[PDB]
Each structure stands twice: as structure tokens, then as C-alpha cells.
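Next comes just one chain, in C-alpha cells: the form deposited in one PDB entry.
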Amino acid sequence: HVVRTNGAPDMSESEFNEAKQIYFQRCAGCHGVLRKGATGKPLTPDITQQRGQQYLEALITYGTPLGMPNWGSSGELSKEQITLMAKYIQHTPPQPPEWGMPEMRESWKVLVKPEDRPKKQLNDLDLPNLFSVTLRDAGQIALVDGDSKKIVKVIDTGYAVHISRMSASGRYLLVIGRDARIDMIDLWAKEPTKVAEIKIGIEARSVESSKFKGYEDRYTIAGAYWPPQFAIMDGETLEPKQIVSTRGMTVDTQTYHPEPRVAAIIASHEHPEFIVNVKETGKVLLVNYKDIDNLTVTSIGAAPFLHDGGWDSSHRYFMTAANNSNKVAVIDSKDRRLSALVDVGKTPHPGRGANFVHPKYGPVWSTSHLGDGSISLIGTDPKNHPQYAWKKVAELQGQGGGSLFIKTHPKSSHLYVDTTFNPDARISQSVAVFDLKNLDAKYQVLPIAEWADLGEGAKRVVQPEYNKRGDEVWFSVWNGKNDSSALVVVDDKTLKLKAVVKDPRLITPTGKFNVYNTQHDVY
């Protein structure tokens, strides 16, 4: 047969199915399963037909400097395949494929069997103080030694590399990409080495390890945007064990939703459970892995379009926000119930938040507001500060909007606030630091990008991350003009510049994950 779309170059039924398979294996992680866009732009026929075949071939062939791979000049895709892809994205988007146990098992690779792995750490690295750094546009992670401020390893994962997580033993580093590829890295090998890989879906954002006491390295979980599902895997091998669909009913209208994406997963410390946020249906699932054949799930209704979330300081209450809402949902992971919906007056910015002790209000959890740069504080201690629990107690004011990350550490007296997307260049190039011992005082500004010494041009600073001791804070810096990058390290006790990590291998550093602080949910 012939596939035809108004205004599109007709294709063979075989050409279309070949392009379909390429699209969902290689493109959908960034462009979406219905091509509506995510990290990458929309590729629906209204837009692509306006660009035309030859423009589309050119873009796919050479890529762009802002994260679109050069599929042709890389050799990843053939001239003929690129022509097929340029034709394909001008046709109506088809139904995306499913991805079950057969597809997962076919993608599963064990490079080093558990019995062939070392019995102890064979390298001499200070593993808890390693930083795993995403090299966004290079499809790699870099392992950076926190003590010597040197790159010690670079590891290929794939385009669309996203985040790193740690197993509860501290031995295994887990990386997931937006195409739902997972890599498992053994930090005890003579040089840290990939030991297993698997693909759990077409599009994904989240991975996590089992962190309840006694379950170290037992299970790894991953959540997909498409298909709407999460998968529980063997923590030692990534062998897929259980797959659970998240298709289902919405919390607000109780009508069936055909694509409830998994937004985020964190690991419970109160029970052997994973906390799974399901976005469109607005459900927080507590998934119990004490028995994975007789699988227990508690579904807590929260609010539609759930985003990220994070633990409070006690690791009991899960603080989460939904888009289009001024409320923070508080899930009690111990009693397995919704505890509160906290009005913070403004829309909270998705993220783990930042926990610290307010001298007056006691333990608080904090969230930023993207538009105006304010930060809301919520009391999180029903035991000793019941008069403040699940209430907004205060508001701090940063330099302005555009913050992506706020960060503290239990051993630090400072709160760091970036302003990556602020439209003023001096503010996007700097970070605000609040004194937790005098929260009535204005923040101080650290000139992070200037310290990086990267030449003239637009520089953006992102994501404060502490070292294992809590006495250094690391920042990613990148000059959009010349492709140049650095990690800037501040002494948290003095607020002085301590080090600048520069290396040609440090390509578009974005997320930085300190091993200890990621393993132990320290924020």
C-alpha cells in the first residue's frame, strides 16, 4: 500500500514502517511520541511541511548547536534513512508502539555478571565525594573527583542523557536518558564500568533505587512517559521483573485518561516502597516491593498534572506540586495518606525543594516561584511545631525570576538560589546566598560566571550541588558563545572561590550529582 497525507511526499508502507521504527527508537525521547515536542521542537505536519523536505534533511543531517544531534554527519543515520525521516515527519503522526516484557528483555544487556564483579572497591577513588556530571549535548556523563577537582572518567550513555541516581549501597550509579535507556555503572571496578543496560520505554524521566533499610541494591525502578508505565528491575542485573500500567482514571473528573505519564519517582525511607507521581491523573502511588509477585500499591489522590517533589528533612513527608496550582500536596509516606494541600499563594516551581531549620518556625521545606524569584517556606514538623505544620510561614525574595534550583545542606548555614533563566545577564550569571542564621537580611550575590573566566558572552549558571561534607558548593557554568564550560566551586564557610574545573572534555555540563548526597537524599 501507499501512505499519503495532504501535502506530504507519499511513502511505501515499508518506508513508513522503517521510519516509524527509527522515530520511536531515536527521536521520540526528545520530540515526543505524538511529535508535539518536549526537549526538542514539535515535528507535526503543520510545521514540518512548512519547512519542506530539503530543509528537514539538512537539519537532521547536521544538527544544531542547542542539543539536536547531527544524525547524518555523525554516521548514525544513512542519507537514505534521513530522507525517509524527513518524509515521515510530514505525515500524520501514527499511534506509538507498546513496550512490554519482550521488548525490555530484547534490549537488556548484562556486560559483567554479578559473580564476575569485584568483591570490594578496586580503584582508589573517594567514591562518596565523586560528582556524576551530565554532559548534555555529548551523550555522556563525567565522573569528577570532589577532592582533586579533576575528571577521572567519562562514560558514554546516549543522546538525551538526563539524570544520575545512586543505589543504597553506594556502589552502583544509575543513569537514565529521556529515551528510557538505563545504564548501571559499578563504581567498584578498577575503573568505574558499565555492567548492565536496558530500555524500559520510548520516553522517560525517572529512575530510582530501593532505599528502605535492608533492601540495598535489591530493586531499581524506572518510570516512562510512554508507554504509561513503570518497571521494577532486579537491582543487581536490571533484569525486568514487574511492569505496571499507569493508564487509568483522573483524580479530579474520574474519567479515563489514555496517557498518564510518570513524572517522578523517589524512594521511601518509612517502608519498602517507591513513590511514583502520575502526572495527568494526579495520583501519588506508594508501590511496595516487600513482595513483588503479590504487588501492593496505595493510590493517593493529589491534584492533576503532578510534577516533581522531594522529602522533608525527616524523610517522611513527600512535598509535591501540580502545574496550574498554588498548592503543595503533602503525602505522609508512613501513614500512606494525603496530609495537606498547602496554599503558598503562588505557583511552586517543580523540584526537590530545600529543607532547613528556621529559628522561629522550626523545620521548613522551601520552594521557589519562577516568575518573581520569591521563595515560600512551609512548616514540616507536626510534632514540635504543630502551630506551623502544613502552613506557609514566610517568604524570601531572591534577585528575580528564573530560578531552577535552590539548595542547602544540613551541615550548611547557607541557602543557594540560582537564576539560570533570569532575563538580566548579570543575574543569570550569579547566585544569591541567604544566611540561614539571619533570614531577615538580604541575600549576598556571588559572581559565579565571572569567576569561571570564560570570556565575553552570554553565560548561564545552574544547579548548586554540595559535596559530601556540606562544605563546598559546585555550580555548572556555560558560555553560549564559544561552547566553553566550567564547574565553579565555592567554600561554603567563607563564600570565597575555591576552585574552577576546566577541561575540554567538559561539554555542556548540566546536572551534577554528588554520590553521597544523592544516595542519602540529602537536601
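C-alpha atoms forming the largest set that superposes within 1.5 Å between two forms make up the rigid core. Residue numbers count along the first chain shown, from 1. Compared with the form deposited in another entry:
- Remark: with the core as the superposition reference, the CA shift of residue 510 between the two forms stays below 2 Å.
- Residue displacement note: residue 57 has its CA displaced by at least 2 Å between the two forms (rigid core superposed).
- Put the two forms on the same core and the Cα of residue 92 is off by 2 Å or more between the two forms.
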Second form
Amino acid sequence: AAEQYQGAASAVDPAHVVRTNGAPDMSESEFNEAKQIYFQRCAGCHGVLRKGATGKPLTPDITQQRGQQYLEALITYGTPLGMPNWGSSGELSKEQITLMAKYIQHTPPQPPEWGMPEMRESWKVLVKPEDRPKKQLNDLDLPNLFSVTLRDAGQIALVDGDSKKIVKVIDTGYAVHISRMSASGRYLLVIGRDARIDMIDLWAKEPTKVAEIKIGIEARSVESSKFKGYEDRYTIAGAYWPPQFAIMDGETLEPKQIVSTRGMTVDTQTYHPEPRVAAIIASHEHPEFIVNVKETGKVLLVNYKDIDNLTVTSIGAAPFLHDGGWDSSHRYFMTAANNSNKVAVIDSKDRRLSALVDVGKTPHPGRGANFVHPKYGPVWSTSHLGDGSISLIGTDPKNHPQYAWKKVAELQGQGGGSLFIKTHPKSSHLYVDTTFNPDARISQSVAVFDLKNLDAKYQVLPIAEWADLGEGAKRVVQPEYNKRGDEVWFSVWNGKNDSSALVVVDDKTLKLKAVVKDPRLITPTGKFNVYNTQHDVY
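Could you please show the structure of the form deposited in another entry, as a counterpart to the form deposited in one PDB entry just displayed?
The text that comes after this line covers the one chain and nothing more.
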């Protein structure tokens, strides 16, 4: 009966369902050799399913159309639009480039999914809530503590701000991307690019891990609920693969909900198989999380008032959403759609897109830099990877409606390859790095502007040279203030077999203050001051 009920023909026409191949035959060792190169060298931009970069996707319909020789030449010489040259540079051999061309003509191999069973299997409560201290069992000045990422070591070091000494090094997931604080200021949350999250109790005799869990195969962001009456309630994390985000117990990390970001794009409104989750930021206006979904250019407002029945408001922005942060008032999310060269303004109160501001080539603000301009009122700034400009955008609809969501002015730095711009309420300086600048000297130093005289050109602080480290690229990255706002820290991100350091500068004088060296300080990248991260002070 039920077999006759569901027994008619599918409305889908067999003639339009296509079998995939006609690709160059390659053995198992040849396919694995190419596959290994693809995730080590290509995937980052192009993605798992090869639809992550601008331009045409590397799926068999397009690649077989181009042909073996077209592909080999394209991989060999690259393009001026963001596709590196692998043959000319001499990175890959002609035998490898040949394998790569044949490889992308085959259906993309499939990485495993990662749901609730996998999540729970990896979930570990190391110290039960009840077995945790009721008070701070140490003498540490937690607010002024710095959570520094020792990238290649798969660890993080807690550095005491005033003493400049490493208080504790902790094993974490590989290459931790960011550190975030719980609203109470007690727990420290870190997540590795391997999607493994680690919750750390700063009140323990020695700050230690109390729980851990893996939320995907690849990830970048984590965050805690910051709405009033929700301290340490929920923790969210966004993954690159699978395309999803997960919500967990903010006290134990127990997985509760998992949502897929696979969907329709904002621009063409077509289906995208891999919309990776970028930045995530907690709302202060409503009990919701603001999630950035890259490839589809959507900003989702995930309400956690009722975790059992999840309500999500999908706001369209612009393609390629990445990093971003609050305006001075903590109401408007200033996030960059890098490859679209725009900054999306999300109103967290009224819950809508306030504007799409045209900025420079490939905006990369991190969380951005907020400061009051002598003429244009309160602005939010961002530097770029594509060029040497710095965009100042008005963020005061109330008192400065004429300058709101407008690129009010522009500043010029040392050049492109910039990654982070920084300032502080108590500071009158504006720092900007240039980490990926092709020039060694430029990439090994930072620019500083005088907020009291913006017409004047920037000064150049020789960070890497001050560290006195010897050989290596010595790339300087991310300025970060201490709780007081009179010290600015920088990482001298050198190789793993080289010597790296953390340089500190007296903000009041712009003079070298201290240098943090230690054999354990391996490949330091992101630094997050506890109080400043927790209270979004930027």
C-alpha cells in the first residue's frame, strides 16, 4: 500500500541528470600526490569544493572546457587578478603542474562531514563546574593578562602585562587563530584552525583547561554570549568545513545546536556548496550572535533566547565577508567584504544593513580602530591588503548624519599588505602594520599617526630591528594595547626554527619599552589583552 503510494515516477528527467568524467586518467599515487598539493597550496583560496575564489570555479565542467594546456599555462604563469604563478616562480615543477591540471579535471574528493556524533565523541569535560574554584585561587592580574598564540607549536602563552614574563604555556589545537574572553572575565576561549576549541579557567591555582571539543575539520572563529543576563551562557564557533556553526553550553562546552551555512548567495542568488563561516560577534542589543557567512555574503542574527527552537534573521550584505568589529557605541558591526572592496554596516539594534561603504583594495580591519575626528566626529577606521590607504568612516547617524556610513576621509600608510590598525580611548596614536608587504623593511616595521595632527605624515617604528633577532623574515603583526592603554605590543612573527619576540612600546613617547624573548615563544601571532578583548576596547 505504502509501496504503491510512493511508486510513481520522479518528476526529475533522467536525461538531465549527468554522470561526471572524461578526465585524464591518473593512478592512485598520482591522484594523491596532486591532492596533497591541492590542500597544501590551493585550497586556502579555492576551497574544498573549488568554488571559493573569484573568477571561474575549478570544477570539471569549467576545467575540462579549458583543457589540459590552458590549465597548465594558467597554473604556470598565474594571473594579475590574485592567482599566483607556480611555474615561473619555481614553486612547483612542470611534472607537478601537469598533475595539478589533470587533478582539477576530476570530481573534487570529499572530506568527511562532522555532526553531533563526532562532536560529542570529541567533547571532554576536564574539570566539572562543581569541582571548579568559587574564587580566584591565584595572585595574577587577570585583566592585564595577554593570551598570545604560539602558532606552529599548537599552544598559547599567557603573558603578564606588567612583568612581561610568561605565566603559563598551554597545549591547544594547532595554530590557534583567535582568543576570546567570557563576559564574566573568568574563562578564556581559544580555537585552532583544526576546529578544536579549548576553554581555560583563569581562577584556577594555575590557569588550566576545564573543557574541550572539535566543531568541524577547519575553523577560525569562537565567541561567548554578551547580552545582559547571559554571562557564560553559550559559546558559538564557526567552521570553514563543514560549512556550519555550532552552539554549545558556555559552562561545559556540551554541543547543543549545529546549523548549516550552505545556501543561496546574496548577489546572484544561486546555490553555493561551501559558504564558510568567518567572524562572529555577540550582540549587546539583543540576545543573539552575529555570524558572517563569507561566499554567500550573509550576516545571520542567531537568537539564543530559546536554544531549542532557533530563530535566525538572515541579512544580505556583500560577497566575501571576513573580519570586522563594533563602532565606538557597540551597536553597529563594521565588517569587511574584502574581495568586494566594501565595508558592510550591520545595525545590531534595528537588525538591518545600514549601508555598504566603498573603500580601498581588499579591506582588512580586524576589529577596526575607533576614534573621534576633530572635524567629522566619531569614525571607525580600517587599513588594506590591496593598497596603502586607510579609510575613515563616519559612525554617528544621530549627531553627524552628513558623515554617517561615508568614507569621510583617508590616510596613507607605508603601502599594502596591511592587516591591523589600532588605537585606544586613552591613546592619541593610530598604529597600522604591514605584515604581508613584499618589502622586508616595510613588513618589519609599523606606522604611527598622530590623532591630534592627522595632516602630518606617519612615523616609522622599527619593531623587528628593536627586537635584535638576527636572521629571518621577522614579519611584525597586530598592535595590541594593555588595559591601561599606555603600552602597545607587537609580535615579531619569525619562523619556527628562528627566534621570535614580542616588542612593547611606550605609547606616550613612542619609545621601545620592553622585549619579550623566550625559547618557548615560537611563531607568535595574535595577542589578546584580557580586559580589552572582553570589553571590545578598540
